[PDB]
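Asker: What follows is each chain in one-letter form.
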Amino acid sequence: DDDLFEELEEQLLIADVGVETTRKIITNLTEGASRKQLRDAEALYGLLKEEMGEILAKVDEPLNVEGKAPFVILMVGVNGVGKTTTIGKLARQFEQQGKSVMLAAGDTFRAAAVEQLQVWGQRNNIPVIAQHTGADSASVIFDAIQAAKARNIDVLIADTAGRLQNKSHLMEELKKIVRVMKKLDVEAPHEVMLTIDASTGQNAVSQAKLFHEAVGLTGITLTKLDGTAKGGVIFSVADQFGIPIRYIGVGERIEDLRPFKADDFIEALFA
Amino acid sequence: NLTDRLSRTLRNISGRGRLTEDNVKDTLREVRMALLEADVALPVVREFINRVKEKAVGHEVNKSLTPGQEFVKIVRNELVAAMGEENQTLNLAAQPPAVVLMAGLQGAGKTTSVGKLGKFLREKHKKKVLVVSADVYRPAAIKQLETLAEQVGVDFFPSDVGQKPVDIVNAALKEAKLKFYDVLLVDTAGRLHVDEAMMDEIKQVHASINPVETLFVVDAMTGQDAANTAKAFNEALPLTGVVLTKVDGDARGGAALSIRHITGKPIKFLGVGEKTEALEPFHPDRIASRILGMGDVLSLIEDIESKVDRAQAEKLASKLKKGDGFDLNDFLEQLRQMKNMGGXXXXXXXXXXXXXXXXXXXXXXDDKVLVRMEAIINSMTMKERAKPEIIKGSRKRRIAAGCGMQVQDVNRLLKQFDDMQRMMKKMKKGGXXXXXXXXXXXXXXXXXXX
Ligand SMILES: Nc1nc2c(ncn2[C@@H]2O[C@H](COP(=O)(O)OP(=O)(O)O)[C@@H](O)[C@H]2O)c(=O)[nH]1
Ligand SMILES: Nc1nc2c(ncn2[C@@H]2O[C@H](COP(=O)(O)OP(=O)(O)O)[C@@H](O)[C@H]2O)c(=O)[nH]1
Ligand code: ALF
Ligand code: ALF
Ligand SMILES: [Mg+2]
Ligand SMILES: [Mg+2]
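Line order of the protein sequences matches chains l and i.
The first sequence runs 30 to 300 under the authors' numbering.
The second sequence runs 4 to 453 under the authors' numbering.
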């Protein structure tokens with residue numbers, strides 16, 4: 030039966046789940062299987078999906094942008110996780126049920142980020158507020174919120190520059206952004222989005238750790254799931270930090286944004 | 004943690020023997036988990052573990068102090084050897100223009116890498132560089148590459164989303180050949196290995212421009228998917244190297260080891276930052292050195308090891324210099340032992356057959372001669388002693404002037420030293436009994452003294 034242990038272990042390890050979460054899950058699955066005396070494999074798969082389903086049970090909370098004028102969503106994360114694309118998707122996603130959307134460019138560092146979000150804004154036929162490369166981000170986002178309050182915009186999505194968690198000054202910059210955003214509205218931002226790449230390894234734990242210790246992340250978006258990366262580290266960060274998962278990008282297109290579902294994630298995981 | 008775990012493991016399992024396969028179990032397991040937390044591909048982990056076993060069978064560990072330390076040394080050596088060599092560079096020798104093709108997933112930092120390599124090749128290598136964007140997909144990617152090219156002072160080839168990558172890179176190559184550009188940098192769209200159309204696209208591009216350099220750009224935080232990506236990209240294109248980005252993060256970066264093992268392609272570049280001016284060469288030892296955190300444990304150990312090293316070095320060198328053969332050092336020792344023990348009156352009695360032929364009073368006084376010899380030797384530097392064949396006329400002048408005597412006496416003592424060296428060499432080559440019995444008294448005829 031050791032071959033089954035090795036097989037399951039390898040299957041959990043290649044999913045970038047982590048050795049700690051693997052140890053916990055395997056232990057609980059062992060106790061559960063020993064308790065229920067399951068002699069079949071399908072029941073083992075089912076019990077596994079039940080345990081991991083319990084792991085993802087807390088984070089299944091959907092995102093509600095209703096009730097606030099505007100509803101500010103802060104998109105944060107490391108470099109190249111596709112935050113801007115996620116914003117481009119969320120624009121139409123929030124445009125669909127009749128909520129008015131305005132976009133704000135918070136990356137003045139990277140080249141042609143403003144132009145990119147202006148392209149995504151043009152695709153959604155919605156106004157985009159930005160100034161120039163090199164400008165203060167907090168000021169732009171602030172003016173964006175003020176304008177959103179004056180223009181009665183329902184939903185305002187605020188982009189941020191790609192930043193590594195090991196850099197403290199950028200964290201202080203983001204904290205400055207939040208602090209500035211606290212002026213117009215005390216509960217702003219209402220939604221803090223952490224965009225995590227599916228290909229990311231155990232480093233995502235540290236990313237989510239520092240970003241939560243800083244901005245107080247209220248949510249996590251897992252993109253690039255159209256590859257062979259299942260992003261099993263999300264189980265670890267959901268275990269430790271208990272942060273909800275808002276959506277999952279299935280591709281680069283504007284229609285590729287889907288609401289996060291536990292069952293579908295499980296189906297895509299083992300497949 | 005590595006050193007602590009290995010030391011603990013080797014201590015608790017076995018006492019001091021010579022390390023055997025049975026004792027390396029928990030070691031291999033802890034190293035396995037350490038690499039698993041390092042985001043290293045599991046097959047690479049296993050295949051490395053096998054080599055660790057092969058090195059574990061023949062352990063010389065027993066003679067050292069800390070087994071875990073030297074085991075760490077072995078693992079580090081094997082890992083560095085697995086990472087490849089240093090000074091890995093693109094081939095700019097090539098018949099110009101040199102074409103560099105970029106490949107990787109989405110958000111890999113290929114474009115920023117194009118900017119970095121642009122500035123690097125322009126400033127340092129004094130090369131004329133032309134850059135082009137083959138990406139018609141990502142919004143403002145062409146504008147991004149154009150901006151970076153404008154910042155690094157590198158000419159940019161205009162392109163739009165209404166065109167096709169093939170025609171774009173073909174026109175770029177044609178423009179590079181027409182304007183006599185030294186280096187052609189081709190930036191391409193980030194693509195997934197599961198995408199057929201994009202792979203066929205980059206294959207058609209690679210076939211079109213025939214690049215001398217094909218770089219694979221992968222993130223440092225990449226997980227177990229790095230195996231699939233590296234394998235697929237390696238099978239799809241003949242990679243000439245791998246470019247790792249975002250190394251400045253706190254990420255473990257085992258994906259580098261993964262790709263390096265699977266693809267077999269060396270890493271020629273490490274992105275140290277977001278900015279264009281920030282780039283670093285790949286050092287196997289630096290990357291293989293650190294996945295960890297610790298303190299105060301390694302310092303004392305490295306100190307002790309340094310002490311042992313310098314001690315063994317000096318002690319072996321001292322025996323090596325004295326083991327070269329007979330020199331003026333041993334000649335000096337034999338001369339001072341001579342003048343202290345000098346037996347001229349007694350040695351005249353000790354010798355019998357030589358006294359019957361040669362004159363009885365022909366024996367020279369030991370005191371004067373050997374004091375002269377000692378004092379003249381004292382005028383010589385340590386280098387002229389251990390290496391007597393470098394002595395020349397000017398040195399003889401220095402010696403003679405120092406001792407307050409004539410150069411002919413210096414030449415005389417050098418002659419006597421030559422005789423002593425020859426003799427002792429004959430004593431070392433043969434037997435002391437064959438050589439003592441080979442000593443002959445020269446007589447130029449049977450007439451005495453003639
Ligand atoms: N296939 C796929 N590609 C993605 C996804 N999210 C982002 N991308 C790609 O990532 C590229 C660059 O990401 P970007 O938005 O500039 O990163 P960021 O702005 O720093 O967050 C874009 O060209 C997208 O095509 C996803 O969920 N799936
Ligand atoms: N820290 C760091 N960031 C990087 C590096 N390379 C790229 N990036 C980040 O990646 C982001 C955009 O990636 P991009 O080049 O557009 O992706 P690609 O064009 O698909 O290869 C930028 O905002 C950079 O901050 C690197 O070596 N170090
Ligand atoms: F590429 Al980014 F923030 F847009 F790192
Ligand atoms: F984000 Al890219 F090629 F610039 F995938
Ligand atoms: Mg962006
Ligand atoms: Mg690009």
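There's no promise every hint is true.
To be verified - Straight-line distance between alpha carbons at most 16 Å, and here's what the computed EDC-like set of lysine to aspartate or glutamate pairs gives:
| # | chain 1 | residue 1 | chain 2 | residue 2 |
| --- | --- | --- | --- | --- |
| 1 | l | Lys-53 | l | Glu-80 |
| 2 | l | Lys-178 | i | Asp-333 |
| 3 | l | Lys-238 | i | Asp-253 |
| 4 | l | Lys-128 | l | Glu-80 |
| 5 | i | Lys-146 | l | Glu-80 |
| 6 | l | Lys-128 | i | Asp-299 |
| 7 | i | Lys-390 | i | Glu-305 |
| 8 | l | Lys-196 | i | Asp-333 |
To be verified - The following residues of chain l were derived to be distant from chain i, with all beta-carbon distances above 10 Å:
| # | residue |
| --- | --- |
| 9 | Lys-65 |
| 10 | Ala-86 |
| 11 | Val-110 |
| 12 | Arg-139 |
| 13 | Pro-156 |
| 14 | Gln-160 |
| 15 | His-241 |
| 16 | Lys-253 |
| 17 | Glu-281 |
Everything labelled a hint here was simulated from the structure, so no lab data went into it.
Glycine included, C-beta positions come from ideal geometry on N, C-alpha and C.
Asker: Please verify whether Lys-178 of chain l and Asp-333 of chain i have alpha carbons no more than 16 Å apart.
Answerer: Between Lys-178 of chain l and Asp-333 of chain i the Cα gap is close to 98 Å, so the pair fails against 16 Å, i.e. violated.
Asker: Is the Cβ of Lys-65 of chain l farther than 10 Å from every Cβ of chain i?
Answerer: Given that every Cβ of chain i is farther than 10 Å from that of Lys-65 of chain l, nearest at about 29 Å, it holds.
Asker: Holds or violated: is the Cβ of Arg-139 of chain l farther than 10 Å from all Cβ atoms of chain i?
Answerer: Per Cβ check, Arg-139 of chain l is inside 10 Å of chain i; nearest 8 Å; violated.
Asker: Are the Cα atoms of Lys-238 of chain l and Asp-253 of chain i separated by 16 Å or less?
Answerer: The hint holds at about 12 Å.
Asker: Was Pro-156 of chain l rightly flagged as not at the interface, with every chain i Cβ beyond 10 Å?
Answerer: The claim holds: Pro-156 of chain l sits with its nearest Cβ about 17 Å from chain i, beyond 10 Å.
Asker: A cut-off of 10 Å on Cβ-Cβ distance, and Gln-160 of chain l was said to be off the interface with chain i. Does that hold?
Answerer: 16 Å, holds
Asker: Run the C-beta distances from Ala-86 of chain l to all of chain i and say if the shortest one exceeds 10 Å.
Answerer: The claim holds: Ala-86 of chain l sits with its nearest Cβ about 24 Å from chain i, beyond 10 Å.
Asker: Is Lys-196 of chain l close enough to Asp-333 of chain i, meaning Cα to Cα at most 16 Å?
Answerer: Not satisfied, since the Cα-Cα distance of roughly 65 Å exceeds 16 Å.
Asker: So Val-110 of chain l supposedly isn't at the interface. Is its beta-carbon more than 10 Å from every beta-carbon in chain i?
Answerer: Contrary to the label, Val-110 of chain l does not stay out of reach of chain i, its closest Cβ about 7 Å off (not over 10 Å).
Asker: When you check the alpha-carbon spacing of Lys-53 of chain l and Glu-80 of chain l, does it fall within 16 Å?
Answerer: Status holds; Cα separation ~10 Å.
Asker: Between the alpha carbons of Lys-128 of chain l and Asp-299 of chain i, is the straight-line distance 16 Å or under?
Answerer: Violated. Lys-128 of chain l to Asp-299 of chain i sits at ~59 Å, over the 16 Å cutoff.
Asker: Does the claim that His-241 of chain l lies outside the interface with chain i hold up, using a Cβ gap greater than 10 Å?
Answerer: Non-interface label on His-241 of chain l holds, nearest chain i Cβ at 15 Å vs cutoff 10 Å.
Of the hints listed earlier, those the structure fails to meet are numbers 2, 4, 5, 6, 7, 8, 11, 12, 16, 17, in rising order.
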